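Here you get one chain, nothing else, as structure tokens; it is the form deposited with ligand GDP bound.
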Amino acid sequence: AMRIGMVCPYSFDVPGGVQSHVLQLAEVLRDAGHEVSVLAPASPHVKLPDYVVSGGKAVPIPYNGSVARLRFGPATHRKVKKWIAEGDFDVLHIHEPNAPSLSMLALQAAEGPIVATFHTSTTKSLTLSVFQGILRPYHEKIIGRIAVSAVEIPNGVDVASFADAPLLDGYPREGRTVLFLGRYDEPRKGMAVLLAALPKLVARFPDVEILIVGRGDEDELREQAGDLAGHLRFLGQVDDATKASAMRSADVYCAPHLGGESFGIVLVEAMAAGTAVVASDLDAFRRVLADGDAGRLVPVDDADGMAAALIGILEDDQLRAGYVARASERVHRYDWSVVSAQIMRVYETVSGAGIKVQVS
């Protein structure tokens, strides 16, 4: 039984891959009998387990010449030190130690058995001394290093949570349903590509629904869709259980991203749910879908290609069933059962009898 301290650099107020990774990992560890405490920025808009501690709020920097938009004040520095001093941790696991970040503040404040996970291409570069710049002395305090895609370990999901989620009332729809999940106002999420494919999709599937999960300006999007707006259904930013149900209820999950640096955990969620994936040919997505074995890859920012792919998947039951089968086999390697074991081996490696994380 270990005492583990974890640091998330991002508020839980907004959904994100790093945020969900840290909370779920904490839950998995506690279920195995370990003690976990999570430090993260102020998250007053969501309900959180009692083991989450607020590191305070990053406030805007009020002057020109900064190298960041937001900064944690002196209260945060004090909170971080107190949290470490009182935590008596066997391991400190920090996520995304970008500078400046709450994770880097924790790294500066602490020493002892420290592990870091690098979630993106940008933070993976920090495994190299040349990219650590004048923060080298702090990066040198990291004892174990995990790259999501040092040791490589993929981010985890609870497969059963998706596989066995209840269907939403009224689903599956005879008219078919394409699911989009994300903050659709952000251009990088590629809602614009799916909207440009919509006329061809509706011509072939006259009763099709685009089911949309995530926060954004629904009225602007409807206006963009013009006289096809009636094919759009918005759930808003729903809880995790509803999201899982939505995934299972859709006939296809569409991931039309124009770019990004993440692992692509939403594709894994769809695979777990038993829902066929059509995705942009991004490196991260190609890996999850085993180079097209476990889902359909479409060239990036290609609306005609995206329509063909979505129409193709909905029209060919054999093909769709094949992707789902290969995906359901594949996705077990991302389950927390398997993934958390790999992470614990790193914890074991960096820790040792009578050694604790302490304040620097």
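Rigid core (definition): largest C-alpha set, two forms, superposition within 1.5 Å. Numbering follows the first chain given and starts at 1. Compared with the form deposited without ligand GDP:
With the core fitted between the two forms, just one of 183, 77, 173, 231 shows a Cα displacement of at least 2 Å, namely 77. After superposition on the rigid core, the Cα atom of residue 132 is displaced by 2 Å or more between the two forms.
Core-superposed comparison between the two forms: the C-alpha position of residue 305 differs by less than 2 Å. Relative to the superposed rigid core, the position of the CA of residue 326 differs between the two forms by less than 2 Å.
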Second form
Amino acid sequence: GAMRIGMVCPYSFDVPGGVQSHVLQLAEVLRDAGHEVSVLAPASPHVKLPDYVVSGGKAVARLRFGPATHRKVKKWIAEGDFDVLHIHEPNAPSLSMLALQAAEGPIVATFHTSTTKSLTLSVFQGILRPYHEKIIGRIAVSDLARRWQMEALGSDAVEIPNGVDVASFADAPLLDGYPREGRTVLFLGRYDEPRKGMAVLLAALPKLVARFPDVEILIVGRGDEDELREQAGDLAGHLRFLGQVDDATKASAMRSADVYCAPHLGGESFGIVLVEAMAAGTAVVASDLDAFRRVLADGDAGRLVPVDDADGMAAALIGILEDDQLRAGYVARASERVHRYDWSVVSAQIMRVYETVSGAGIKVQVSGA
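Next up, can you give the form deposited without ligand GDP of this protein, since the form deposited with ligand GDP bound came first?
Below: the lone chain, stripped of partners and molecules.
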């Protein structure tokens, strides 16, 4: 039953990031399931972390990490006695790649390509290791490596969704004073960046207020309030800024909004926030970018709008708010879909990968043997 799993996170936890958060959530989840997990990462002295995460330090023409670091890592692996070593974003250079090169046996590496989709593969430890390791260094930064990995022979590469704790949203406490009889709409992100599409949401505001005069636009994330109020004109009174909040409050605000609007001009990454919205039971209206269309399943799980279309956005929102049955339907379907993104599933898939790669009696060792 039980398994010992090392994970390597290339990034310090001193700063928020998708990968860091992914790793930690996953680790917690596996530990909850009765596995021994160890997390290696760079020094994160500023934040208080669980006891199973370990620090490797920080350091970096073309140059590599210093000796003390290598020592630390080798120690970690050798005394780890891991059944599986899981590496994240083994970009070259990185802590992860260092680990990947140091170790031997059941090695798995994951590249998080989109916030909602992540490629997972097993390193060739045969005569090809030197060659494959150079390909793995470029997967992060190139389409061709990615392709070749998914396409090639003897390559076990699989795609798995990004994980989410669904309950932390669904069960999130409502914000004091919500729901608003005035119909709140949620925007989430840094609104000074045009690709987040705040401008579109602003363009559609007059119609929205016309048909729903008491509406609030709840805005989470960092940006310039003054400027936006100024661009909002006399409708600026409808805006409410929560600033850049913690995850708990994000979940709360998300759950207490009647609708989540995602008018992104494009990211080709950003989609996971929609998953969080659906898990919160809040109906989604999103721009028609491919990723969003995938997540909402062609328009099954949420309303899709043409990119950079204000009139469409307005019609969509208004339509959602005015008819409650429709909205409820959208939410229910979304709740159906959100299953595949929960950790209990994702963790199972990755566990399958672990089980495939690791045998009985085989432990991760430092090269060579």
